[PDB]
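Shown below, as structure tokens, is a lone chain in the form solved without the ligand; questions about how it binds or moves come after it.
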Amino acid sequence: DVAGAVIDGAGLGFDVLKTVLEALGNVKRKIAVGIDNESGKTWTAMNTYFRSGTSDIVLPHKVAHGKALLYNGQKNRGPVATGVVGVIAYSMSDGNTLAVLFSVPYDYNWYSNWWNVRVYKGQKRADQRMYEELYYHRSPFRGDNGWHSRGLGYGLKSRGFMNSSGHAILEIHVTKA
């Protein structure tokens, strides 16, 4: 039930994610990510690229079909005005990559919460380029208190939800299209 964990997908929900978030203590910018694997593919962790902020969670290595991964992130230490922005990358047993963008900005006068889910062909580790694609070019969803669904190609689709505040919860379910 903690952030390093792989749980039964059916157990991924708001209450698991609220506890994962509050477990981070009182930081200005922080995020709880839950990703439910119902894609039929087995996911193996590659990496998280942090554009901003950090985590000391070991990215859950093996997420089989019907299993959810729990994860978290937070802004960098010190009196800096940055948020927590990054991309998570999982290789799937079909040879492709599941990439997940999350963006929790510091300045809510100029920016918003964003998230994205994309399938890449082959095994692409998360990096600055992938961040730019997911954030700037691939029509990311807004942390706008709304559910957003989209086909990913490769016989899959994603469904996610993200709140608007600097204490963010991102809930994603990857299923077959």
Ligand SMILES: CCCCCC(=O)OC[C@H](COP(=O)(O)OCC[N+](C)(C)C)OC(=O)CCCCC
Second form
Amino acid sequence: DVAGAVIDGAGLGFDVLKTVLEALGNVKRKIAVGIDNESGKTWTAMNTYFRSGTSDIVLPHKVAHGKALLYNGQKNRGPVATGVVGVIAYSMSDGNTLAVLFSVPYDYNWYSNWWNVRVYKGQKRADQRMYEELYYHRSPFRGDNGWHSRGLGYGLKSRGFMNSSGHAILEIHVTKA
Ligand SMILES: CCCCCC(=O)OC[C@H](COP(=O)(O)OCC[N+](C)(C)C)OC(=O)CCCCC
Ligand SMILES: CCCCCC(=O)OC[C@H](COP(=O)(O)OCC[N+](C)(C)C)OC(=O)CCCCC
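Output the structure of the form deposited with the ligand bound; the preceding block shows the form solved without the ligand.
After this comes the whole thing, all chains and molecules, with the earlier chain placed first.
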């Protein structure tokens, strides 16, 4: 149950993500991400894009049906405080791309937590344009400490939860529609 590892899908839950958060230690903005693949298809790491912050974790290479991937990120430790904001892309065995947005901002006087999930037709790389589409134009969800469900097309749907604070968790279950 460390970031960069793949666990039994059933084992993913809040406490696992809070354990991931806690290992990043004391930093004002960080996120632990859990994505449970019950899509009925194998995913293969494509990449992560960071609009703000970083991760030192390498995306788990393969996430089979029934596995969850664990991942994390944190703000930089430089002088110009940013948050942790980005997009993870996995290719699915159907030839399409699973994309996940997270946004844990620094200055909560102006911004709040957001996340999103979407399947892109075909192979697509996580990048600035994908972040923009996902943050500004694809009805992202609030990190409002509630669950949000959404049909993805392609025979798939998602159910996910993000909390509202600067120490963030994001848990997403991708299942069959
Ligand atoms: C305090 C007003 C916020 C102005 C908007 C902005 O771009 O600042 C937030 C920015 C990015 O903040 P971040 O929390 O990482 O993300 C804002 C959320 N997004 C990127 C999703 C819009 O953080 C900085 O660039 C620090 C200010 C520059 C000092 C030289
Ligand atoms: C007393 C402050 C009033 C509160 C400001 C506010 O409601 O924030 C709106 C917006 C936050 O909007 P955003 O994260 O872009 O919109 C959330 C909705 N989505 C995710 C769909 C784009 O922030 C800004 O762009 C301020 C720019 C500061 C420049 C100094």
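Numbering follows the first chain given and starts at 1. Rigid core here is just the name for the largest C-alpha set that superposes within 1.5 Å across the two forms.
Worksheet entry | Angstrom displacement of the CA atom of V80 between these two forms, core fixed | Here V80 registers a C-alpha shift of 2.3 Å.
Worksheet item: Relative to the superposed core, what is the Cα shift for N109 between these two forms, in Å?
Response: So the C-alpha of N109 has moved 1.1 Å between these two forms.
Worksheet item: To one decimal place, what C-alpha displacement in Å is found for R159 between these two forms with the rigid core superposed?
Response: That residue's C-alpha sits 0.5 Å away in the other form.
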